[PDB]
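A protein chain is absent from this complex, but the other protein chains hold their places.
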């Protein structure tokens, strides 16, 4: 579906952003 | 410090994007 | 419903981001 | 200016999330 | 129309994340 493809892409963006956020936390703490 | 705050904000933003994706899926399912 | 529940969560994230924004302004100012 | 720039960006994201929440309620209400 | 408002809000979030990326680069290269 059209909106399902948009949502899938958004979910991948969000998972990538969560990883970046964790990496930045660890750099910050260190 | 500031970078740890920024990391938390990126995590909040990722959470919002994931929820927006689920909202789009529910809209499609309607 | 499902979309209204997401809307509430997004409003809470928005408040969290505004709190972090003020924390960053405080760090910059001080 | 870096931290203040990020704070301003987070505030704009917060506004955008409130806009999305409002749109979701409008969709939900039909 | 509400879905278009959601898309416009996502565009604003993307611009704001670009500004956050730019600010973090400035901190990194400082």
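When the chains are written out, they are named A, B, C, D and E in that same order, and each has its own residue count from 1.
The criterion applied here is as follows: contacts are C-beta pairs under 8 Å (C-beta built on N, C-alpha and C of every residue); 3 or more make two chains touch, one makes a residue touch a chain.
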Inset, instruction - Just the residue numbers, please: which parts of subunit A touch the chain that's not shown? - result: 2-3, 6, 9-10, 13, 16-17, 20, 23-24, 27
Legend entry - Missing-chain contacts mapped onto subunit E: 1, 3-4, 6-8, 10-11, 13-15, 17-18, 20-22, 24-25, 27-29
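Here is the rule we go by: only the chains that are shown with their structure count from here on.
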Legend entry - Listed pair (D-E, B-E or C-D) duplicating the A-B contact set, over half by residue number: C-D
Inset, instruction - Specify, in ascending order, the residues of subunit E that touch 2 or more different other chains. - result: 3, 6, 10, 13, 17, 20, 24, 27
